[PDB]
Structure formats: C-alpha cells, structure tokens
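Use these hints to put chains B, C, D, E, F, G, H and I with the ligands onto chain A, whose structure you have.
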Amino acid sequence: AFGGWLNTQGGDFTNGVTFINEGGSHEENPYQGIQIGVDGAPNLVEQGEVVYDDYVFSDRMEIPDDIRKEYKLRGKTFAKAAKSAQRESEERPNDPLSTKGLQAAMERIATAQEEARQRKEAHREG
Amino acid sequence: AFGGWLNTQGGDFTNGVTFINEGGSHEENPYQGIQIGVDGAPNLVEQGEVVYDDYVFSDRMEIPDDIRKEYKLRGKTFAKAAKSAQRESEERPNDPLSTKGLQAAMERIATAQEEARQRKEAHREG
Amino acid sequence: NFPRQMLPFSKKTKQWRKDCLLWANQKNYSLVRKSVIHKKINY
Amino acid sequence: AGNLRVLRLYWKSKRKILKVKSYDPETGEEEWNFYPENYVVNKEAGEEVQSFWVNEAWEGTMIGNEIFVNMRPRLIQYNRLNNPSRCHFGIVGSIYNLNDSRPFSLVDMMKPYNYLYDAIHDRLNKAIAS
Amino acid sequence: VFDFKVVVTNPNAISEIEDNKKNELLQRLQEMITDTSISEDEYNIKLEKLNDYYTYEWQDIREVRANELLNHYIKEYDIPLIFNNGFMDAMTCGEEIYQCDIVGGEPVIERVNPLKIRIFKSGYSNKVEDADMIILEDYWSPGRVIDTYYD
Amino acid sequence: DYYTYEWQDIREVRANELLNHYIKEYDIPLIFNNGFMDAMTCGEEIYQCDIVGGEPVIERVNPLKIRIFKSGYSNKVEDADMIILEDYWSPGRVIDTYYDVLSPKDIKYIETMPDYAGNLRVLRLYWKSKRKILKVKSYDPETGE
Amino acid sequence: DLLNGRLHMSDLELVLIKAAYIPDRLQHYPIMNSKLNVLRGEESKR
Amino acid sequence: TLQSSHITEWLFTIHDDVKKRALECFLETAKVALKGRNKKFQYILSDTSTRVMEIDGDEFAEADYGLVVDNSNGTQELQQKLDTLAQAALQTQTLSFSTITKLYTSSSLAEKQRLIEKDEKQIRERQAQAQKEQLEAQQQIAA
Amino acid sequence: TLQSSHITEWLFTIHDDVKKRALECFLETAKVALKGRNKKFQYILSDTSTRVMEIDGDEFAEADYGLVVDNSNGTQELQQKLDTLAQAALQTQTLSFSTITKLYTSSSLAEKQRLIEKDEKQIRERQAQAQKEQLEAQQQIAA
Ligand SMILES: [Mg+2]
Ligand SMILES: [Mg+2]
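Residue numbers (my numbering), protein chains in the order written: chain A, 1 to 126; chain B, 1001 to 1126; chain C, 2001 to 2043; chain D, 3001 to 3130; chain E, 4001 to 4151; chain F, 5001 to 5145; chain G, 6001 to 6046; chain H, 7001 to 7143; chain I, 8001 to 8143.
In isolation and in its complexed conformation, chain A is listed as follows:
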C-alpha cells in the first residue's frame, strides 16, 4: 500500500507510522471516518492524518511560525510534518538509529501539537 510501509522481499515491514489514507473526511465518510480501533470506543480518523504510538497527528491544523522555528518543523500541517520527519525511517525500518530518531522526532511533533492546541484553546476561551 506504500503508506508508511516497506513491502519488499515478500515481507511487510513498518516503521511504526500509520498512514491512514483512502478513508475520507469525517463529514464525507458515512461512518464518520475509518474507525481504526476500539478503546473512547469510536476512534475515528480521516484521510490526511497519521498515527504513531497511538498518537494522532492532525492534518486540518496548521503550524504557527512561532512553533515552526522552535522544534524545527518542515510541513505546513502537523500531519505533513510527521510525513517529513519519518521519510528516512521508511526505507530502513530496522535500523536502531532510525527508530531512535523517529521516536525523538515524533515526541517533538507531539509536544508541538499539544502546545498549539493549548494556545488555540486558550485563545478561543479568551
């Protein structure tokens, strides 16, 4: 499927990133999304978002330049930033250094998204 996988030599190796594609927007999907799993039981996700370690990177949200400069993101959205941080890990999902780098980058992007959501929530309640 090529989404966060390296299907070669008759195997299916993944770097841990889940490219949740082909479903559609929350409003356009009759089931409100793909419904990857059951845990809140309705864990719904759309076409543009990506998941690492059960943490959802949102595509609708953008990256403030303040949060761009610190943590050194590249993409315009958080989903695109995760898709840019994990480019190296796709072709070498088994390398220990690649896994460590992916874990660190995903933690950075998760903290950035938490900060952005906190800022937006505070501003909206303001």
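The hints are simulated quantities; they were obtained by calculation from the structure and are not laboratory data.
Heads up, the beta-carbon is just placed ideally off N, CA and C, and yes, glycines get one too.
Incorrect hints may appear among the rest.
What the hints assert, rightly or not - To give an idea of the interface, some chain D residues facing chain H are shown, with a C-beta separation under 7 Å as derived from the structure:
id : residue
1  : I3076
2  : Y3078
3  : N3079
4  : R3080
5  : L3081
6  : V3092
7  : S3094
8  : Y3096
Unchecked claim - Quick list of in silico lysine-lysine cross-link-like pairs, DSS-like style, CA-CA up to 27 Å:
id : chain 1 : residue 1 : chain 2 : residue 2
9  : C       : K2014     : B       : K1076
10 : E       : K4049     : H       : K7039
11 : B       : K1076     : C       : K2011
12 : I       : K8020     : F       : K5128
13 : F       : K5128     : I       : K8035
14 : B       : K1100     : D       : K3019
Unchecked claim - Have a look at the derived ranges for each label pair, beta carbon to beta carbon:
id : chain 1 : residue 1 : chain 2 : residue 2 : range
15 : B       : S1025     : E       : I4038     : 32 to 40 Å
16 : I       : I8055     : H       : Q7138     : 50 to 58 Å
17 : A       : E28       : I       : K8020     : 54 to 62 Å
18 : I       : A8063     : F       : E5111     : 42 to 50 Å
19 : F       : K5105     : B       : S1058     : 41 to 49 Å
20 : E       : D4003     : B       : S1058     : 51 to 59 Å
21 : I       : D8016     : F       : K5128     : 23 to 31 Å
22 : D       : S3051     : A       : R124      : 42 to 50 Å
23 : I       : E8117     : D       : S3051     : 49 to 57 Å
24 : I       : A8063     : E       : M4032     : 49 to 57 Å
25 : E       : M4032     : H       : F7097     : 28 to 36 Å
26 : I       : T8092     : E       : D4035     : 46 to 54 Å
27 : B       : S1058     : E       : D4019     : 37 to 45 Å
Only chains B, C, D, E, F, G, H and I with the ligands this time, still in chain A's reference frame:
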C-alpha cells in the same frame, strides 16, 4: 454435474457453491421443492437458485440499479450474480485466495439481497 | 509463439489454452542437463 | 503398438491479485490480505489496494492429436504460507552435477574404460581365433 | 534403513493460534459426537475416545495425520522400489525425477523417465521444482487414459 | 515455569528453535557438502543469507558468479565493501522474489522478451554506502551520569 | 571442468585441437574424483 | 570398506535429499486429495485426522506449520530413546501392555510421547487417590 | 588412518568455521524476518519466543548478547552429561517421564537444564510438605 463442482482427476472438488438445478419451480414440483435438507424442516429450493453456506440466493428476484451500482453486481438476478461471482473459484477450489474472494463476494451479494428484501417488504407494507 | 500469459482470468479461454498446448506440441535445450542422445547411449 | 501419444504440459501462468491493507475493527492493527483481481476493495473503511501479478501453475493434456483434456490451473497448487507466488508442479527431482554444470555421472566416468576394455578384448578374441 | 517420518521440528513450541485451532477442532468433534450418539447410549463412549485428545496439540494432530498418510501409501505402493529405480537412473544419467499426482482420486507417485521430460526455463537451478515449464511426452495405453480421464 | 527462566535462556531457545526448524527444512547439511566440494575445487566457500517470500533462505554462491571488490587481503568474505552477483534466473524465480515491487511495465518487459534459454540476467549489487549520524551526549536527569 | 571430465589442451601446452578425436586430442582419466569424494563423504557423516 | 563407502556417500546423500523432497510433495498431494470426496481416507485416517482439513490453512505446505519429513540420526535416536523409555516404563508397573502395543504400532513419535504421558498421569493420580483413601479410612477408624 | 585424517583436518576445521559463521548469518536473517508480519513464525516458535522481538534489543547480533552458534567438544560433552544426568534422575523417582520426553525433544541445553531444575524443586517441595503433613497428623493424634 458441472454446477459448482470440478470433477477432474478422479475426484469431486467443490468451491462451496451448490448449483441447485434439474428440479423445477416450486409450483411445478409435486413436493414443492427439492428438499435439500431438514433443519425449518422443509428446506425447499428450485432449479434457478444457488446456495453458499446455508444461505439462499433468490433467482426470481431482480437487482435494482441502485444495488447494481454499489456492491458492483453483474447478473440481472441475484442467482446469476453469484453464478458470475464464483466463476473464478470454480476452476480452482483449493486456492486460498479464491476461497477468500468467494467468501467476500458471497457476503456482499448476501447483504445486497437482504437490502433488496427489506426494501421490498417495506414498500409492500407501505 | 507462446500466447500471452499476462491476462485476466476471463480472457484465458478455451482457445487460449488450446494455443498453449499447440505450442507445446510444436516444441529441447537445457543448461544443466545432457542431451537425450547421451543419456540414451548410457542406458 | 496400439498406444496413444499422451502429451502433458505444465507451465507457470501469471495471475493478477490484490494486496489489501485493512484495519482490525477492534484494535488499531492494520492487516494484510491477498485477494484475486475480481475482489472489490471496500472503500469507506480505509482499505488500500495494490495490484500484483503472481505466478500460477497451469496444466493441460493432449491425447493423440484431437483430444484436449484438463486445461485449467493445477488443482494441486503447492502453496506457501506467506508467498502466493511460490508454486510448482508435482514433478520433483535433482541433477547430480557440480557447480552449475551438467552431470558427470558415474557411467560417464566409467565408460572410456569400458570402451577400452571392449577394444582390448576384441584383440584377445581375434588372437584366440587365429 | 528407510524410516521417513514426519516430525515436529520444535515439539515444545506452542502458540496461541495453535491452541485456537485445537479448540476449534475439539468443538467440531464435540458437535459431531453429539449428533451421532443416540441419547446417552454411546455419548460417553465418544467422550472417552476424545478425552485423550485434550492432551494433544495442533502440531501433534497434523503430524499424526501426515504420518498415517505417508505410512499407508509407502506400505501400499512399495515406494522404496521406486526410489531404487530412480537411484539407478541417477547413477546412469545424474538425473533423478519423480512426479506426484492425483489419479482416480488417490495420490500416486511415479518415476519420470529422464528421456521423456523436457525441462524449460530454469536458472542453472539444480532442483527440478524451480523450472517454470515441463512437458511429459509418453505413449500411454488406452486403458490408462480412460482410467485417468474418464470423468 | 517461565519464572525460572532467564533472558539469555529465552533468547537461546528462540534461536535454537529457528535454526533447528530451518536446518531440518532446507537440508543445510547438503548445502554445506556442496560448498565443501566447491572449496576443495577452488579454495573458496561462500554462502548468501537473504529473505525471499518473507522467510529466511540460505544459498550456496557459485565462485564463478560473485565479484568481490575492495577487500583488505582478508580471507573472509564479510570484510568486502562491494559485491556483484551476476546470474541467470528464470522468469518464475524473479516473479517469486519481486512480485511485491515489480511494476506492470516490468512484467510486460518480462512478457515481451523474444524468448528465443528464456532466462533473465539478474545482476544484484551490494555496496557499503556511508551515512551521516550524530553522536549526542546527554545527562541522565535523575543522576549526574 | 577437470572435475567434470573436460581437458583443455591449452592448459598443459601451446596448441600449434578443436576436433573431438584422440589422434590430435588427449584423453582425460578422472583419477582425482575419488580423492575429493572421500573427503566430501566424510564431511557428510561428521 | 568404510573409506570406500565415503566415495559414494555423496551420491547417497543427494539421493536421500531427493527422497525427502519427493515424500513432501506426495504428502501435499495427499492433503489436496483429502478434500475430494474420497472415502478411502475415512479408513486409513482417524476422526481428528479427517477434521484437520476442516480448519483453515490446510492449503499450505506442511513446512510452514513446523512439520518436515525427516530421515536423520536425530529422529532415529529419538525413536530408540522413546522405545527404551517405554520398555523401562513397563517395568516398575508404570505403563500398561495395551499402550505398549499402541507404541509398537504408532508410526508417530508425538503419539507415543502423549501415550506415555497419559499413562504416567493416570497411574500417578490412581496412586494419589489410593493413598488418600487409605489415610481417610485410618482416620475414620480412629474417630 | 588417523594420521592421514590429520592431513585434511585443516580443510575440515576451516569448513566448520565457515559453517558456524554461515549459521550465525542465517540466525540474524531469521531475526530480521521475524518482524515482517509472517505467520509461519507463529507455528515454529513459542509465545515467549515470539514476544522477545517486542523488546528494544532485537536489532543487534546475538553474539553481543552472549549467544553463539557452536559445535565443539564442550557442547557435545555438556549434552551427554545432561542426558546421562537426566537418565540417572529418572531412576530414584526424581524426574518424570513427561519431562524426560521434553528433554528428548528440546534442542536447547538451557531448556532441559531448566526442566531438570523445575522437577527437582517440585519434587522436593512435595516431599517436604508430605513430611510436614505426616508430622502434624501424628501430633494432632497425640493431642
Ligand atoms: Mg483405519
Ligand atoms: Mg509449533
């Protein structure tokens, strides 16, 4: 019988679909049906219908174009749609991929027929 | 000429398989086998 | 004699199949499955589909010149668990060769000595006769 | 010595899927013995027969089935004679080939004459199974073609 | 009963399970016998380890079909930096090994070959590239280590 | 090739043939095969 | 003659390899033949052996399930060890003659292994319950 | 013939080294193949064996964890000692027939070692609690 069976190499291999032919319509048969089994004890079937996993595809019914477009059916009657879905599996009953494809297609056609039946009875009761 | 084998299952009809068998009838060389004459001489 | 020429052909055809990435409904565990080309991918559920061409064993038998029998995929697909393309026919065998060469059988290495033996014993027979 | 037995490569290796398949088989057998047994007359006999299979494993049942198949057909067809003939042919040509097929609904194994097989599209492969195309041309009796292709 | 086990014991059990199963499955001893013959003939014995179809496989490499570059007078083959394996494969084998990556254009190329044997020249390149990696020095937060 | 019973006349002299006949070509007698066969057979039973 | 047998052990080794592969192919052919409505397999197979085919995954090679045809010193050694173990079990009144016959007519190493385990378990349980019966008999007599 | 075997034991020694290294190579190849979503490994491996990969140390060679493919006189001697020791343990009623079969079907020296230790501990605990139960029965009788 050549209906849903591959009698070759001195064996009798089946893909699971039961071509129920040669009996006749319910009204033309003095026992009202072929009486395949006893379970409702009178399990009756006619010449046009086919069975896969103890569930009956009706030959008398027709697929509305709405149900043709989605679930992507081919035959004009539900029985003919299953006679079209199982063609690839008839020549290779022992292939795992063929069995899985038959399982999925049979589920799709069964759900389509259930939707047609509930629509028809709802319209009739209206 | 051996007929094309990169086809959907629907287009692998009776005439296609008959063409395969006719090619087989029309027919040896191998890289790790001796000639048939050599084997026959041995036997 | 009153026999029939029976020519049986075995060949690996190529079959189009689909690898479908579907998510487990209960747990967030993406899964993989192999289906034929006629399988309709279930959209609206995240089922990503990619199509591959894969080996498939076929057979067919000609009896005499007019009879055509059992033209179909081999019903004995010697399949493997993870590789849909690993298949073969019922024929199993080996070459008793060395380093990708043709077999230098035991009879091959003994044959020159046998030919020399025959020549020498022909000389012996002529000497006995004379 | 000719003792070719199917053996579990790791007999002390059990996983969840094996246990699930064992449970499925036991449930199926329980339903069948419930169906056939006529109201307690021999139901306990079936429980006695299947109670010793709770200590079995999926791998053990599969190995058992394989061993009974191979043992029966080895004792039936006298396969070692077939292997001896193939060994002589290997000595003569350096090629040992056997064909396994279903004839009359039963599995059969035959020795292929090296002069009556055409192996095409191999990659310097020592094994015959790696070939992509094989032709077997032999003159059969009418009885054999009817015994194989009556259906 | 696994409470009495140790980490090293569990790893050893897993490794023994793998080697046991695959040694019995592949008849690795016959492969080693052939390699011993190749070594007596050439003074060279080589084996390739790879994954094919998702399973580990082991093969004996023809000494005439492996090109070893950039070695350091080392009698071992693992010390090499660039290896080229040129051999002729059947179409069935290449489709068995590369179905998940072969494109329809490539499969048509396999079809459209004249096929006057009908094998395919499979050249596989192995070479040690270089990667830029970072050695980062960090202090344990709890203890000044 | 020597182990497979082929003698290259260009490997033991200057060729002043390509015809598979003894009046100008040289027989090969495989006396080395047994020596290597013993060792490979011992390798199997170790 | 041993050093002469070394000269042809290569031929015999490749022969045994070919035999193993041929038997594996025949095993797969028989597996496919089972699902063909042949009543012969109802006689040479037991019940559970005939219900293995009902479970999914029977279409694949047995080498992918951990089963391999094997003729090596390991399996022959294991068979010998199991047979002497059973003989030692007969002595000490631990293993019953009926099950000894079953082992002698088993053809599968795991089958005989489970038979030995079953009889050990049965005998040990019978000993334990007999001991408990004697102890409670003494206790109630004293009471 | 022994002094003639010395002449080719150098070939055999380097061959053994090559075989050892090739088997380490195959072991690492299988380790990488484990984490590729193949259902074959679920059949030939146990649950703990399939769970080892979840720890963050599986990407490195087994030689770095104290594990080596080895065929030397040390391992054969250790195997023979363990097997003979288990045979001696069977007699004296210190090791069960089922666990004997498990040792015969282990392939790992560590596994059979742990089996022997577990059986020792279980039987000693049962013996000790037997003495305690008998002693308290006598004591309460006297009371
Ligand atoms: Mg019977
Ligand atoms: Mg297992």
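- Message: Tell me the numbers of any earlier hints that the structure contravenes, in ascending order.
- Response: none
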